[PDB]
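Shown below, as structure tokens, is a lone chain in the form deposited without the ligand; questions about how it binds or moves come after it.
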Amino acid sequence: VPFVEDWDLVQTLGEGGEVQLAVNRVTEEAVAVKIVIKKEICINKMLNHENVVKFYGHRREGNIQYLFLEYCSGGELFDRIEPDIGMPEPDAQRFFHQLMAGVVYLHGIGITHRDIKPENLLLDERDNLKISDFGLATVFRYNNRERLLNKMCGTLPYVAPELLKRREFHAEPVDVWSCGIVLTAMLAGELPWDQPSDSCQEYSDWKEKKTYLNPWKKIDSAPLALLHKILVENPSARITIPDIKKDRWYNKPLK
């Protein structure tokens, strides 16, 4: 059928290169086009899940790479978070369930995202959470053999303490930690510390269980009991996702 391959770039969605909203000339189907890499496309070709931004394909027009990705009309989770407030606890729980489904899927195929934050968690028309941007993502399991990580990747307020203290670390507890910081931000509208280091006063207060301070004071005891299990300094003692799925607040009916 003629012109079905032609796309009009209608609106800017973000900057990195850049992300533009493309509309099909014939079908009017909307897609996000990422203008820029080889690892990102390779990892994206492996992905197929309802809580992961869909990869439609790629095309190179010279030195420029075009990534055709799922357009998420609901925008970023970041913009659903009211500063210093957060969002209704039932909304945060539903987003947290969908975030866990996405992360279980990635870890199951041996992929770690390494930069989980509300800017990278997009929402479709029905407010379904989609994990976005696999530019920092890497394979941590291949031929059923786990590879320990050593590279500094991520965003300091969401990074796990072992990434700053240890030479090598397991990939999965790092993504679990960033998910707990996202959960904190959804329930309090603020990040608990600039970074998880002993030099950071806010981080020291948390390790000393001073939950009468912000952001913890704004969080109900049931989701706060979950955060006490996720934001554990020792990654070997940190709660795993199968155990998060058994948590009392995770399973609390909320309306």
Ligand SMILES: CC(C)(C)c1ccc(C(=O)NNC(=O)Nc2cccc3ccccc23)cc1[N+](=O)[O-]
The other form holds:
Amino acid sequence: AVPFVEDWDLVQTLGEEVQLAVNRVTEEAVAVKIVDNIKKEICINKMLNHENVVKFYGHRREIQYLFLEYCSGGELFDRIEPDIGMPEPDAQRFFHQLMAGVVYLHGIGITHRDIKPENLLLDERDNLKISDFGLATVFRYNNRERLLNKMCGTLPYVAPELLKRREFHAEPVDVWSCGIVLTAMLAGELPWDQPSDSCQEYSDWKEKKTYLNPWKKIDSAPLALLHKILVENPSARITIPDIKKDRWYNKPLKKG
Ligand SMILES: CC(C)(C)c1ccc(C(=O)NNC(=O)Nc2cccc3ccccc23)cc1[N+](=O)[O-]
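Cool, the form deposited without the ligand is there; where's the form solved in complex with the ligand?
Next comes the full complex, this chain leading.
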């Protein structure tokens, strides 16, 4: 074997901790998550292999060290301008890649449960990678679905059924949060503090008052998709196979 190839220098703090690690020999860059629940995160991470999900390389105990795909483009969070969002073609491309990642996770029976721009990272080519499976869990195993009951996520992104029902299907919840992310990308603001009866902004949406912000900043094509995603009844909410049939989803917008 080549000497020293197992040595990584921690050269930059990425967040809190997660450190940018660079290989002493090869100079390969990886992200190292250093945690002082972790057992489950590592286990699910071992199931993951998709171009729009952060790659898991391995772990070692010292304190646990998770070796993760490094995403040099940073968080999608930083691409969203307050009150503006981003160019619609860029948002569509990110949304395509987000759906690809979420379709993959759901296909292997995993739900992320906390999709939001801080957890969507970008590589050097601005390809989107779903990040951080510390709240993720199994919702399908041996081809049998298990209903969720744990309240978790981030309130502005969380689906209404989590707030009102004891149990709920996992997949519509991830679809909902993706819709909130799409709204954020297109409007540069979140539509409500939380999807509750007591929240005026959410009531306005259910009353279809789309002459109000953020909705009036959003073109009718993507808005129509959002009308199908941000549906209160999770059983009536659009599924991803049908999102893939949506007019805006399929609209040519962005050059290569
Ligand atoms: C709450 C939401 C809507 C979702 C949000 C709002 C703002 C930010 C944010 O401030 N992101 N950080 C940036 O630096 N955004 C910007 C990108 C490009 C041009 C800009 C020009 C001037 C100022 C900021 C700009 C992040 C998020 N969010 O995802 O949680």
